Structures are given as structure tokens and as C-alpha cells.
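Take the sequences, apply the hints, and build the full model.
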Amino acid sequence: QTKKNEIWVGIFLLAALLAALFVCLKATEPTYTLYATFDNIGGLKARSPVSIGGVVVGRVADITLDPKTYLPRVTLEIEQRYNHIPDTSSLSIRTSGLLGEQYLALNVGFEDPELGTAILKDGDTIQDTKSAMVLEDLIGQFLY
Amino acid sequence: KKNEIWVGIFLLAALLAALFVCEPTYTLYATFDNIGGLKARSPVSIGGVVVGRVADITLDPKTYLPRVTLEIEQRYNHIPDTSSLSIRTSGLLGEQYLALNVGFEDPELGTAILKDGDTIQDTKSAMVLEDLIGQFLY
Amino acid sequence: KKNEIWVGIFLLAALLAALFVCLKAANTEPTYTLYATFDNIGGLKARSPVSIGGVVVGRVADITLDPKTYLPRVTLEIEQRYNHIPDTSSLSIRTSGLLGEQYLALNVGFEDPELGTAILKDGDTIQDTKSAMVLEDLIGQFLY
Amino acid sequence: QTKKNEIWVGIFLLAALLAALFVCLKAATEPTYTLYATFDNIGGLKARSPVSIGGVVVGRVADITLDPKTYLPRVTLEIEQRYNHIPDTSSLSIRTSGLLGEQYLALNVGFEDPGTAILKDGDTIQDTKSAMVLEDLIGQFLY
Amino acid sequence: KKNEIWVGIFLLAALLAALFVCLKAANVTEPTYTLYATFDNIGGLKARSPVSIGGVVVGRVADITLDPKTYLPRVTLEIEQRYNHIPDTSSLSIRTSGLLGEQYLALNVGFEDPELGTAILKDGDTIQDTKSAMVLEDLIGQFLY
Amino acid sequence: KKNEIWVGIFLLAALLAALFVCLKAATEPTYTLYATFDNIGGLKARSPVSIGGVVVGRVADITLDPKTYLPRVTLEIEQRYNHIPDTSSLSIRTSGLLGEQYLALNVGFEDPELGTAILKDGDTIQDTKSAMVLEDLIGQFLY
Amino acid sequence: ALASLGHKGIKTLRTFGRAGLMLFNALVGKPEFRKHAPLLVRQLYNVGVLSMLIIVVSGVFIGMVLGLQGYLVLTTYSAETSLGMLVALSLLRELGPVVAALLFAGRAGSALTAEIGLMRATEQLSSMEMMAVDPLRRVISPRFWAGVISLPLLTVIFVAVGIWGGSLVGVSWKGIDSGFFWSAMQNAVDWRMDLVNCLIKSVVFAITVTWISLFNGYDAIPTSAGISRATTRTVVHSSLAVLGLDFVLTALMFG
Amino acid sequence: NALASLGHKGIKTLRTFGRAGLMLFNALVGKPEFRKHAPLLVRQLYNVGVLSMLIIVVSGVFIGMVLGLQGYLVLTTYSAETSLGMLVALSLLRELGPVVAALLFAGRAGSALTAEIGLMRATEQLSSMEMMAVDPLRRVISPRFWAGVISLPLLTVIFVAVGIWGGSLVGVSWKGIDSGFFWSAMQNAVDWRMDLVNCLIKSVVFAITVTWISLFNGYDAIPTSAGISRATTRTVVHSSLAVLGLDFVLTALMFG
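Protein chains in written order, with the numbering used here: chain A, 1 to 144; chain B, 145 to 282; chain C, 283 to 426; chain D, 427 to 569; chain E, 570 to 714; chain F, 715 to 857; chain G, 858 to 1112; chain H, 1113 to 1368.
The set of hints was computed from the structure by calculation and includes no laboratory data. Just so you know, even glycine gets a beta-carbon here, dropped at the ideal spot from N, CA and C. A hint or two may mislead.
Below 30 Å or equal to it, Euclidean Cα-Cα: the simulated DSSO-like pairs (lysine-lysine) are [claimed, not checked]:
no., chain 1, residue 1, chain 2, residue 2
1, D, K546, D, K472
2, B, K206, C, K412
3, G, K865, F, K715
4, A, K121, A, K68
5, D, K472, D, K555
6, E, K638, F, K834
Partial pick of chain G residues on the chain H-facing surface, computed with a CB cut under 8 Å [unchecked claim]:
no., residue
7, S915
8, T1107
9, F1111
Dropping the structure here:
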């Protein structure tokens, strides 16, 4: 009897593991953080993806204000596989589709190791940014 | 017989404590003209970061202009009196929220800091799609 | 049964206090009725709110037509707390949401202590109104 | 220990009845007279759709069918008898409620003349207006 | 014992027969004379998407295949044969039901030429004039460009 | 127990036949291509590749060229569609409102005097058109 | 495998046969209802009234959870005024009848099985047969009709309480306008057919649940261990039957 | 009459809560807690987990199918039928998965434990174990409690991963949605770590509560055969009420 109970508890644990795997496969790498300051982050949140031309290249750790000048400061975490992002690269907040969530778009700036521009390493700050688009000022600018 | 009553009272107390727990906010005031779709507990925000809720909305009974009272968390003190409030919709169709704009202060000019109880003078009411469509089509 | 009855009364008082504390989360009133006549009330129905700049001050009692002129005549009950409303104030129907749910909007015409703007007492009638704009003929006007 | 059961079963039946009444009152005949109208595009109209004058429901829609000779959707509709004096300069128009709500017939009465007869049972409204479809609307906005 | 087993077989048979007639009334009136039409972009059509004449359903779409020599998506539909007098001039267009609803075929009935013939589209025949569905990407592009 | 075993075998055969009937009541030799876009938008793996609204293959994977950081999709057209001329052009298109995008292979005609290199397992489609973005459309229309 | 599979198959067929026989022999009768009112009232108390507190307290909580999870989804599309429609339809279509049937199988579906199994253990059924009183007509049919009458009423109470809980969350707590909520909810979705479908699937669930309960209580081994093996079997089989019949009835009544 | 009755019921409920707390406390304080207890815990995982697996699988299939149908019918009016995968996965990982798994586990395995312990107490097996200096709380309560706590989250994971497949059967295989859109839309857009972790958290809370109520009602039942059958019903009822209440509380805390 104990053999039957043992093999059945084993099969049960195996099925639970296979179910967790199914879920996580229909649902952990070296990173390096960068900072960037906006004036309107729109609707960003924790773990909002950062994408280069439409491919997720990291996430967002936290979003806190600048307690001296009151400007938001996002702390993204780009995967270590991409280590050739020049300083000319400019960030910009977009939204997936028309009603989806908001994500950071990272336009890779034109690199030029001929005029001195470096490559973003850990701890650096992306200088050129672009805030999210607000509907109120959108319509205001449109019909005025 | 008594130890069991004591441990039962202690267990109920601990369970209610873990149910509850598992801010030094100060209050401002703003008098809009059309709050649009604002409600109680709607988030105030600076550049998109929540810095406190909206207490409640009550009509000024002497002039019928909706006065909005809000509670800002204490961490943010140095807000100049030249600041400005606005009502914006989160995204395209989401809920409406107060978009507090930190108006910059002049170095040689006095710009009081918003202490607990002061009101913000400059405000911008919400937009009504009816009037915007009317202005666009005429 | 003395201490038992005491504990029971204490439990009842504690339940009442818990109900009052739940009432601290959220939650009649004297009302006086007015009348209006719109050309096209749109999707307005009974109980639709009447708001003075986004603050609800009353609801629409019911909607009937004038069987001689076929103009929908909306009767609305405004809470008594808002007494002084000048008769120059004009109603206007506004859309709320996407499925056609509409609600009145009472533009309070500012007082005039040089003419004697009659306070809208009970049973009074509001002259200036604005029908709800329908999107079909509006799109037609925009295209033609 | 039996009148207890009796009164408790009575209270239970009364509570069930109160619940059913609550639901059926938060859930929602009359002498009518049918009319007829042949549009060119009924859009998303259906049986039991509301007709309305100025926004007030004055009757439902009986049913929709094609004219098996000319292939035009002839929709017939009932109207409450209380609204009798409806001139013949009336013109049915199909509109959608709000932006995504269901569609409804928006009937508007016209002026009269000191030949403008009164619509009666079985009469057919002449002036109509089909429902706006999206693709040609966008095409005209662009062209 | 035998009577119990027999009652069990009968009850299970009746239960499965009731469930079977139910599911046959669940997953799914047959004049259904079929036509053929080729498009350039079927957009969001599928199988079982309704055909309609002036707003009322007159049939559904059997299935959509690709013409393996020209890659023009050729769709096949089924019209209820209650409606016959459909000239070959009858156009086809893909419209969206409402603003966001499903897409459906609009069968704009062509003018039956009374002095030139313009025979009736019978079973198996095909339609000549169509209109592919619009796509908002290039439309918006060409608009603002 | 042999008669019971036979009855159980019959019941198991009936159950398997019922499972087959249920499956009936409810692969192909793909060949890989390649294409690189400036910005694929919200296009994800397994998103379809349609030729005029008919799905003709999935999208295997999306990767960036680690030297130019341009996303490079690798799609899998089915075997039955062989004669795809090289002049054909991809273009990412949106279906819906939440960003569910999908490639739209636009077949181009061949040449009546030199033909065209028919696409083959391992080729690369040059004429590509990146995905539309809303923010830039608005920043273009308003300016 | 086939050595025991065929035996299990014929055993399950014999079980279905015994259940059908019990039902048919307990339901056929003209003098059924009259002179049985003092029995059916007591059974409505045991099955219905005692199973009312759980229904009410669970309806409140399910209405509140539906209100929260519907508000957090609809506030993205500015459709939070349709929360009433959402709550009412999700209760009248799936959650109401199915959850009411599950809680009825738990509270009143296991109590019947335990009571009848114990009545069979102390040999009250045999003692009732010894004095020429058919138990299937005296002890089964009152309980069956009590269950069939009492579940579609607990379902109505469960609905009309979950709707009110959703009103508490949406209108009071979150702050939606009550007029929009109620008016939006009543005209848009509460048609006669939705209520009729709710009652139909509730009656089907009542029949199957109370039948499984009475049969498992009447076919249990009289020992005090075979009863507990019959209560758990009652709960399990009744939950499975409720969910399966619910899927089938949804596929039928909603395309 | 109310004052005396209400006071007596309040005192009795306080006494019951105290006894339950004491039972759990004395059952969950020990050094050999998990060593030398491997066969006990394995047999209890078999009696609680493995035997309560077929009902979970079948119920997951059927609830996934019902969700697929009632989600397709709602989304087809906005052409958002491709988001059906997201809808099903989120509705399972948030509310239906954990709550329904807890209800079915309290019905199948929450009543079996109560009945088994009540019977063990009726035949004087617990007294016969105390009489040979073997603390029963440390021998029959702790293995069953840990088996329930370990076995409900796994059953919930199986229930989810099966209901998702059922929703895929309904949406993709039957209704005809594009499988790529379904899965891709569902996977990329909403199943992040937070949605899962919350499912596991509320599943573990439901496990603790259900198995504790069941073990206590089985350990506090009147030994007679009519006190056991009255304790199984109380187990099921109290467990369902506690699951639903704690679920409302946890939803209000973790989402809004």
C-alpha cells in the first residue's frame, strides 16, 4: 500500500509542477539600472516594460519624485545583453495600441564614437527624454 | 475554563490586528467651476505620481461653485503658492484625477509655501465634450 | 445570567459600533420640483442626476410629452439645501460615459441685484434649455 | 416545537417573495396601432427595438422583413394610441444610443398645413433615413 | 438484480439522448443555394459571419480559402433561396456592424435591368463586382500625407 | 470475470469512440523567412501572418540585431503557398484596439520579361514597412 | 485493467439503476401531497430555513467581490456606470444558481444524506416498513419536494442579496451615482428571459442535487463509517453534477 | 429572552474560538516536527491531496469552459474576442481559481478530515493513543494540518492550469479564435508575477483556514454517530463562509 501512496503522491507533485510550468510558460538575468527624469510620466507603474523598437529590453523598478525640484524619476533596469546604448538615445513614453498600458520607448540615438559620446553603463542617466501625452492639452492644442 | 476564554480573546484581538494592518497629510482647498467627474478619494498627482487623495466635494452654498478639499502627504512641503491645479483623465478613457502643477517661484519675489489650510487660487476646470465639439464645429 | 446578559448587551453595542465604523466609509432630504421642456432629451431617463458643475443636487422625477405639442417635458426635484437659484439659470443635457447615459447640467445664471432675478421656488419653470446633441446629424453637419 | 417551524417557513417564503419582488422591480398591454416604413439600411435594428419622439419611448418595433419583390427592408412598428395626432411630414430616422448603445428609431413629427393628413392604423410613413454605416462615412470624410 | 441493471441502462440511455439532442440544439432552414466571390482583403471576416441585404441577414459565409494561383482570398457564402432575383450587378462589400461590432458582408442588390436580361445568380454562380474591406493604417496614412 | 472484462473492453471502446466524436465536434511543412523592421510595435511571437485576411503562417521569434538594434522577426509561411514573389512587402497592421498586431504579407506581381526570385526557405524579404505608432501620428497631425 | 474496469462499469450501471428505481418508486402517487403538509413544512424548515443564513451571508460577500472586480475593470473604459448591469447579469446567469447549488449541496445536500443514513443505521426504515408504512412515500418524497421547492427560492434570495451587495460596493463605497447604476441595470439587461433562465437552471440543480443527496443517504452502508463515506460522496458528486449541468445549460441557453 | 440567549451564544463562541486556538497552538509546537514524520505526511498528502484531485481537474475543465462561453459572448460585441485568453486567465488567477478550489477542497477533503477525526475520537483511538504516552495533537493533528496546507495551493495551481486549457478549448478550438492571438495576448499583456503571487497567497490563506476549521470540528465533535454527521455539515458551512469572507477581505486589500 505504501508503495502506491508514495508513487501517487509523487505523481501529484509532478502534476502540480507541470501545471505551474504550463502557467509560467503561458504567462532572472543580469541587469544594470539607469535613471531618467520626466515632467509627466502619465500612467507608468512598477514593472512597465522598456522596449527598443518594440522588443522588451527590461522593466521599471520604481518611480519616485525628485524631493528637491518635484520631478518624477524612473529607475529602469535594462538587461545586460544590450550594452551598446549611446548617450544620444532618447526616451519617450507611449501606449500599446489605443487603450493598452503605457510603456517606455527607447529610441537608440545615432551612435558616434567619433565626437566623444560614450555608452550608457550602470548608474548613468539618460538626459534626453519626452513626457507622456495628456488628452486635455492635446485637444487644447488641436482646436486652438 | 478561564484560560480558554483568555486565549480566545487574545486570538480574536490578534486576528483583528492582522486584518487591519496585515500618514501626516495636510489639507488644501480649491474652488473649480466644473469638477467634471472627480469623486472622493480620487488621486492628486504631480507629474503622474500620487501625492494624496481628494477628501470630498461640496458645493459652496453661497455662490454654487464646487469647492474641492484635498489631502497632500507630508513628504511634499515646498509647494509654491503660485501653483496651479487641473483635472485630467488618466489615459484616454480612464478615471479623472487632479494634476497638480508645481508653478516655479521667483527668487526676488515672495512665493508663500502652501501651509496646512491654505487654498489654491489658480485652477482649471474639466472640459465638457459638448462645448468643445460646439467650438470646433462653429 | 447577569454577566451573560451583560456580555450579550456589550456584544450588541460592539456590533452597532462596528456598523457605525463601516458607515464612516460612506453613508432623506426635502425636495422641491421644477419643470423644463426640451426639444430632444436624448437618452435621459428617470433618476438621472441634476448636477451644478459636477456636484449632484437632484434627480429627474419622470419624463412625459406634451400630448398637444409633442415636446418632452422633464420634471426634476432639486434638494432643498440649494434655495437661491436665479430663474435665468439654463439647463443643458450632457453625455456621460459611452452607452448614452445622460444627465442634466444646471448652469446657474449669476444673480442680478439690479433687476430682481426670481428665485426658482417650488413648482416653477425653467425657460432656457438645450437639447442633447445627437451624434448622427452632428457628423452630418461636420461633413456637409 | 411546531409553530416555530410554521412561522419560520412563513418568514422564509415571505423573504423569498420580497427578494423576487426586488429583482422583478429592478428588472423593468396598451392599445397600439402599427405603421410601416421601408428604409434602405436598417443597420443594427431588431425586433422589440424602441421607437422614440424627442427621446421618449412611444412604442416598440414589431418586426423587420424584406420586401420579397424589391429587396428593401420594410420595418413595421407599433405606437401607443395616446400619441394620435402625428402628421405625415414625420420622418423616421435610425440612430444609435450614445456611441456604443443599441440602435433606436428616432421619430420626429413635422409641421402641418391649414395636404397634411394624420397617421392612422396601417398607414406607411414616406420620409425615412437609413442608418449611417461606418466605412462610407470614413470614405466621405477622407474624400 | 436484472431489473435494476435494465432500469440503469434505460435511464443512462435517456439521459445521454437528452444531452445529445441538447448539444445538437446548441452547436448549430436549408434552401441554402451557394455563391462565390473573390476579394482583395477580407479584413476580419470568418466562417459563420452573416451576409445581409440592406441590414437583415439572408445567409452566412461557408468558409474562406486562398486561390492558390493568385492569392486573392476567395470566399464562399450560402444564401437562403427565399431570395432569388439577385442580378449579377449586385455588389458585395464588407461593413462593420456598428462602430466596433463584428464584420459582415453587405449584399447591395444591383438594379435588375428590365430590358437587357441580367440573369439571376443561381446556385454555384459567382459575383463579379466586390469591394475589399478597408484598413485604417494606410487610410490614415494617405489622409494625413 | 472474463465476461466482465469483455463488457469493460466494450465500454472502453465506446468511450474512445465518443472521445473521437467529441474531438470531431470541436503540422504542415512550414518554411522559414526573415525580415527586419524599424519598429515592430506590439507584434509578439505566434502572431499570424495573413495574405489579405487569410492566415498563412505564424511568427516564430523576434530578436534585435545586437549590432544595429533593429528588430528581426523570423516567420514561418506554410508550404502550400510557394509562389510568393520577392517583390512582396510586409507591413504590420493593427486589429482591434489593445495592440493586437499581425503581419500582412502583400503579394507583389512578377515581371513579364525576367520573372522574380520566388521566395524560398531561408530567404529575406527586403521591402518592409514598420508598425504604425499613435503618438507620432498625433504629433504629425497637430503639426 | 479490464479485469476490474468491467466490474466497475456494471457496478456504476447498477448504481444508476438503483437511483432511478428509488426516484420512480418515491414519486409515483396520487394521495402524495395531502395529509403530508405537516411533513413537507417540517422538511422545508430543515432543508430551506436552516440553510438561509449561509445563503444570505455568502450572497453579500459574492456581490461585494463582484462589485470590486467589476469596478476595477470598468473604471479603465469609463463604464463604471454599467457595474449594475455587470453584477446583475453575472449573478442571474452563472454565479447565482451555481454558487447557490454548491452551498445547498454543502449545507442541505449533506444534511439530508447524513440524516437518512442515520435513520437507516438505527433501523428506523425497517421499523417503518414493519408497520406497513412505505418509507419511500413517507420519508423520501417529503424531503425531495422540500429540496425542489427550497433551492429555487434560496437562489432568488442569493441573487437579490448579491445585487444589494454590489450596490453597497459600487454606489456607496466607490461613489457611482445610484441613478445611473439602477437605471442602467434595469433597462439594459433584466429581461424576463434572464430571470426565467436563472429559475430554470436553479430548478434543474435542485432536482439533481436533492436526488443525489437522498440516494446517497438511502444507499449507504449503515455503519457509522459508511455514512461519512456517503456524505463526502454526496458533496463531491453533487458539485460535479452541478458544474457539468451548468456548462450544458449555458451552452444551451446562451448560444 | 434575547439578552440571555445572545450572551450565552457569545460566551459559547468565545469558548469555541479559545479551544480552537489552543488546539492549533499545542499541535504546532515541536522539535521532531518533520523528521520521523515522513510516512505520516506522505499518507496524509495521499488522503487529502491525491484523492481530492479528480474533482479539482474536472471542475477546472468545466469552469474554464463556462468562463470561455460567458467571456466570448461579452467580448464579441466589441470585437475584442482575442482578449478572451487574458479574460479567462485573470478571472481564474484572481477570484474563481482560489475560491472555487477552496470550496471544493473544503467539501471533498475538508469534510473527510472532520469525519475521519471524529470517528477516530468515537472509537476511543485518541484516548487509546494518549494512554500510551503518544500526544495525539502531535501525531494525528499536525500531519493532517501540514498535508492540507501543502496540498491546497498545489490543487489551486492544477485547477488554474486546467481551467485555462478549458477556456482555450472553448475559445480557440470551438469558437474559432486565432490561437496565436489568444495565447500571445494573454501571456504578454497580463500574467505577471503579481497576479500569480496573489493567487498563491490567498490560496495558502484559504488552506490554513479550511484545514484548521475542519481539524477542529473533527476534534471537538460529540463522539456519537449523530455528532459526527452534525460536525461535517458545520465544517462545510463554516469553511465556505470563512473562504468567502477572507476572499472579500483579501481582494479589497490586494486589488482595491
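Hint check:
1. Annotation: proposed proximity of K546 of chain D to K472 of chain D holds, straight-line Cα distance about 23 Å (limit 30 Å).
2. Pair hint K206 of chain B plus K412 of chain C holds up; C-alpha atoms about 26 Å apart against a cutoff of 30 Å.
3. With a C-alpha separation of about 12 Å, the suggested pair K865 of chain G and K715 of chain F falls inside the 30 Å cut-off, and the hint holds.
4. About 25 Å separates the Cα atoms of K121 of chain A and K68 of chain A, which keeps this hinted pair within 30 Å; it holds.
5. Distance restraint check for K472 of chain D and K555 of chain D: the Cα-Cα separation of roughly 16 Å lies within the 30 Å cut-off, and the hinted pair is therefore satisfied.
6. With a C-alpha separation of about 17 Å, the suggested pairing of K638 of chain E with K834 of chain F holds against the 30 Å cut-off.
7. With a least beta-carbon distance of about 5 Å to chain H, the hint placing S915 of chain G at the interface is held under the 8 Å criterion.
8. For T1107 of chain G, the suggested interface contact is upheld, since its CB lies about 5 Å from the closest CB of chain H, less than 8 Å.
9. Checking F1111 of chain G against chain H: minimum C-beta separation of about 6 Å stays under 8 Å; hint holds.
The structure meets every hint from the earlier list without exception.
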